[PDB]
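8 protein chains.
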Amino acid sequence: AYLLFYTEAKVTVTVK
Amino acid sequence: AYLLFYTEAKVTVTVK
Amino acid sequence: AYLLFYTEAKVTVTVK
Amino acid sequence: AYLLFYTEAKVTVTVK
Amino acid sequence: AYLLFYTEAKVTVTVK
Amino acid sequence: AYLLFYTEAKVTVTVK
Amino acid sequence: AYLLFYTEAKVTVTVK
Amino acid sequence: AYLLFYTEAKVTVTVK
Ligand code: NA
Ligand code: NA
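Residue numbers (the numbering used here), protein chains in the order written: chain L, 1 to 16; chain U, 1 to 16; chain F, 1 to 16; chain E, 1 to 16; chain H, 1 to 16; chain V, 1 to 16; chain Y, 1 to 16; chain P, 1 to 16.
Just so you know, the hints here were simulated from the structure itself, not pulled from any lab data.
A few of these clues could be false.
Label pairs and their in silico Cβ distance ranges [stated by the list, open to error]:
(1) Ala9/H with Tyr6/U: 27 to 33 Å
(2) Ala1/Y with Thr14/L: 25 to 31 Å
(3) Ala1/U with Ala1/Y: 17 to 23 Å
To list a few chain L residues with every Cβ distance to chain H over 12 Å, as calculated [as the list claims (entries may be wrong)]:
(4) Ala9
(5) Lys10
(6) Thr12
Don't be surprised by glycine CBs; every beta carbon is placed ideally from N, CA and C.
I would like the entire structure built from these sequences, with the hints used as guidance.
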């Protein structure tokens, strides 16, 4: 799986 | 799932 | 300095 | 400053 | 598992 | 689980 | 400088 | 500046 960084500042870290 | 930062400094990095 | 997580999910990672 | 992620997967992590 | 970084700058973060 | 840092510098980031 | 993980669980992420 | 990941497994995190 990847660690993904969704970003605006703020970031959301996801495991996909 | 998210990586969540539970924080006091120190932090717990939780996989949820 | 240390990395300061301001958590709301989303987080801001500050260099404090 | 804060950690600024530039996301494309690949990411560039910077200190802004 | 552990976090495996593939570095090129850009990096891919994976869970191995 | 949480991210467990085994630090020696170098670190191993385990998903515990 | 390094990012250093001072660790107990919780961790302090230090910029040195 | 960048956060850089030198990697062997172990990783070294640098601020450049
Ligand atoms: Na890309
Ligand atoms: Na590249």
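Hints versus structure:
Checking the proposed 27 to 33 Å range against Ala9/H and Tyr6/U shows it holds: the Cβ atoms sit about 30 Å from each other. Distance hint check for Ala1/Y and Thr14/L: the Cβ-Cβ separation is about 28 Å, which falls inside the suggested range of 25 to 31 Å. A beta carbon spacing of about 31 Å between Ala1/U and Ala1/Y contradicts the range 17 to 23 Å that was offered as a hint. Taking the minimum C-beta to C-beta distance to chain H, about 19 Å, the non-interface status of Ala9/L holds against the 12 Å cut.
With a least beta-carbon separation of about 18 Å from chain H, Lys10/L lies farther than 12 Å from that chain, consistent with its non-interface assignment. Listed as outside the interface, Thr12/L is consistent with that label: its C-beta sits roughly 14 Å from the nearest C-beta of chain H, beyond the 12 Å cut-off.
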